[PDB]
Structures are given as C-alpha cells and as structure tokens.
Amino acid sequence: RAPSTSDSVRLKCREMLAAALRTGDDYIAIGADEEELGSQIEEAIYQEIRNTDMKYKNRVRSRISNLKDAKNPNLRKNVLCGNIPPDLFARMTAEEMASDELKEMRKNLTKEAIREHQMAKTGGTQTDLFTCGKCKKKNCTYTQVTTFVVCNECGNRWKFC
Amino acid sequence: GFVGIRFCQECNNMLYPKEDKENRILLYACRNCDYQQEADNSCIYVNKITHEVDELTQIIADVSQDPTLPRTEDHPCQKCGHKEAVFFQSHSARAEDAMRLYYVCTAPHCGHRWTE
Amino acid sequence: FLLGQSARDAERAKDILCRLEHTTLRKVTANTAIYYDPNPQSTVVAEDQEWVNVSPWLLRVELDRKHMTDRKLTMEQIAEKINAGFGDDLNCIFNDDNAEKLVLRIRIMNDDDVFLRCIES
Ligand SMILES: [Zn+2]
Ligand SMILES: [Zn+2]
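Residue numbers (our numbering), protein chains in the order written: chain A, 1 to 161; chain B, 162 to 277; chain C, 278 to 398.
Treat the hints loosely; a few may be bogus.
[Claimed, not checked] No farther apart than 30 Å at their CA atoms in a straight line, the calculated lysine-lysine pairs in the BS3-like style are these:
| no. | chain 1 | residue 1 | chain 2 | residue 2 |
| --- | --- | --- | --- | --- |
| 1 | A | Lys12 | C | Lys349 |
| 2 | A | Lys55 | A | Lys68 |
| 3 | A | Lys159 | C | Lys349 |
| 4 | C | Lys349 | A | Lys77 |
To be clear, the hints were calculated from the coordinates, so they are not data collected in a lab.
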C-alpha cells in the first residue's frame with residue numbers, strides 16, 4: 001500500500017493519476033483499485049525525484065497524458081492489470097510508453113537511418129586466386145584498370161603489371 | 162499555409178501585424194497611415210525549413226511545345242487522355258533527390274501536368 | 278578510431294557519430310511559424326497539448342521525425358537545451374512522443390513581435 005501523504009501537491013497528483021486510470025472504464029472490467037494504483041505510481045515518482053519541483057510536475061503530467069492517450073488504450077490496460085508495475089511505469093521513457101505501432105515505426109526509422117549512414121562497401125571482384133603477403137589469407141578483391149588487389153582481412157593493397 | 166502581404170488601403174504601403182493590447186486581438190496597422198484593419202489568419206510568418214515545394218505548381222503548361230524536350234507515349238493524360246507527354250526532371254536547383262520525372266500533356270487547351 | 282565494443286557493431290558506433298556530428302535545430306526542424314494564439318489554451322491551431330499543461334503569441338515549430346529519430350534525439354533534451362540556452366524568459370510546451378506531429382510551442386513571459394523571429398533566427 002502506498003503511504004498516506006499530507007502534501008497538497010502530491011494529493012492532487014494522486015487524484016489526477018486515479019482520474020487518468022478511470023479513462024475508458026477498463027478498471028471496472030479488470031477490478032483494479034485505481035486510487036491505490038494512482039497512489040503507488042505517485043509514490044514511485046516521488047521516491048526518484050524527492051521534491052515537488054517542475055521536474056516532478058512534468059513527470060506526473062507526462063504519465064497522465066500517456067494513460068489518457070486514445071491511440072494507446074493498451075498501456076492503461078497493462079498498468080491496471082499489473083503487467084507494468086507502478087515503479088516501472090514511474091521510470092519508463094516516453095519511447096517505452098508509446099503505442100506498439102509508434103514503437104515499431106521508430107525502430108524502422110532508426111534502422112533505415114543506420115542503413116543510409118552505412119558507407120557503401122568498395123566494389124570489386126572477390127577472389128581466392130590471390131594470397132595476401134601479410135596475413136597469408138586468400139580473401140581478396142581485385143579490379144583491373146594493371147590489376148589492383150586488396151585483402152579483405154588485413155586491408156593490405158598491391159598491384160600486378 | 163503562408164501569409165501574404167496585405168497592403169494599406171490609403172497609402173498602399175505594407176501593413177505590419179500588431180496585437181490589440183486592449184481587446185487581445187491581432188491587427189494589421191500601417192507605418193505611414195493610421196489604418197487598422199482586423200486580422201483573420203492569426204499568423205505572422207511561416208518558414209518551410211524542409212524546403213518542400215510541389216514542382217507541379219511551378220511547372221507551366223507552355224513547356225509542351227518545347228522541341229528540345231523528350232516526349233513519351235507511355236503515360237497518358239488523365240483529364241483528356243492524350244497519349245503524348247513531355248517529361249523532364251525538376252529544373253529547380255532544389256533537386257538533389259528529385260530526379261523524379263514531371264510530365265505534361267502535349268495537347269493544347271489541356272496542359273495537364275502530373276508526376277509518376 | 279573507436280575504442281570500445283562500439284568499434285565492432287555499427288549500432289553503437291552510430292551514437293558516437295551522432296555525439297560528434299554538429300547538429301543544430303535546422304537539421305531536425307521542418308516548418309517554423311508564429312501565431313498570436315491569444316491564450317495558451319486558446320490553441321488556435323487546434324491542439325490538446327496545452328490543455329493538459331494547464332504570451333498572447335507563440336512560436337510553433339513542427340520538427341522532423343525521420344531526422345530526430347536518426348539522431349536518437351528527443352523533445353526532452355531539445356526543450357532543456359532551449360531553456361538553458363536562452364534562460365527562463367522562454368517557456369517551451371513541447372509535444373509528446375506519441376503524436377504524429379512533433380510540435381514545439383514556445384512563448385515568452387515576464388519589440389516583442391519581431392523578437393520571436395529574432396530568437397528563432
Ligand atoms: Zn497605411
Ligand atoms: Zn491532356
């Protein structure tokens with residue numbers, strides 16, 4: 001059970017979290033105590049920040065906004081069901097609280113950005129015909145312009161005329 | 162959207178935006194005139210950092226009679242249905258991505274332009 | 278050259294690159310405009326963001342996603358660095374990272390009309 005608090009700001013934050021958990025009546029079907037759960041989420045936020053400053057108020061407002069998101073009712077259901085414990089929900093990022101669709105979109109955009117920023121591997125004909133003089137491996141790539149050869153293992157470069 | 166310049170009605174100078182500090186509403190006053198006209202757009206200024214611009218707005222239909230320009234028979238018009246269409250890349254310098262082809266219906270009184 | 282395990286995976290070498298490549302707002306911003314939305318909750322651009330956060334004018338700056346994600350940036354640090362950079366004359370009601378549009382709303386509180394353009398520029 002969350003400890004009782006005498007602080008007016010903390011009491012208002014608990015009430016607003018409980019009101020966010022009531023959004024869509026999912027708490028009735030689950031039979032979760034939304035007042036107790038709102039109190040535990042607030043208590044976990046307060047244990048991290050230990051002050052009622054703008055950082056604490058911003059953190060509580062972010063959680064209320066994510067619980068009230070009409071595009072992500074599953075987050076609120078998962079919190080009410082205890083799949084997300086109150087302490088974890090009190091630490092989770094705006095990325096981890098996002099809808100599964102928005103998470104997958106961000107993951108795809110991040111993967112595409114990484115792929116676009118990968119330098120093109122220098123082209124040429126891969127061959128085992130050439131043995132590298134430094135590492136003695138046969139993994140080489142050649143190009144003719146005079147045959148230029150690069151070892152793919154040690155980066156050693158040489159030419160044949 | 163944007164905002165245009167709306168010119169004063171008396172001096173035909175440029176109206177600057179000014180807040181009505183009494184009624185709390187955006188006005189457009191003049192520098193030289195004392196002309197206060199009531200805003201509607203609630204916007205001062207915009208700036209497309211993306212530099213996203215639709216080229217089809219800039220493509221003018223007269224390009225179809227350019228002999229210098231490649232003609233396809235591989236994309237027909239949509240309004241009339243002409244077969245002939247000239248095509249080109251975006252001549253605008255903002256085109257490092259846009260090798261996309263813009264097509265113009267080669268049929269007078271149509272000038273339908275589209276991008277595939 | 279990369280010292281840590283980052284030397285191997287392109288993923289944990291990428292964040293070093295993001296921590297090195299000079300990235301100002303112009304790189305992740307898309308469309309910057311101004312509005313004399315007479316109240317924070319007036320929300321003339323129709324937004325529900327300030328109403329949960331509950332000047333007669335604001336800077337609105339809808340940022341880019343595929344540019345902000347590619348840098349692993351967030352509105353959190355952007356707003357922090359804004360407020361730290363210009364001091365608490367500026368308040369930034371940033372969006373959330375669930376919405377489709379990545380708006381920042383910026384206002385001043387305590388020659389002003391041009392001044393939002395002056396600080397944005
Ligand atoms: Zn005038
Ligand atoms: Zn046509």
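Q | Numbers of the earlier hints that this structure fails to satisfy, in rising order | A | Numbers 1 and 3, in rising order.
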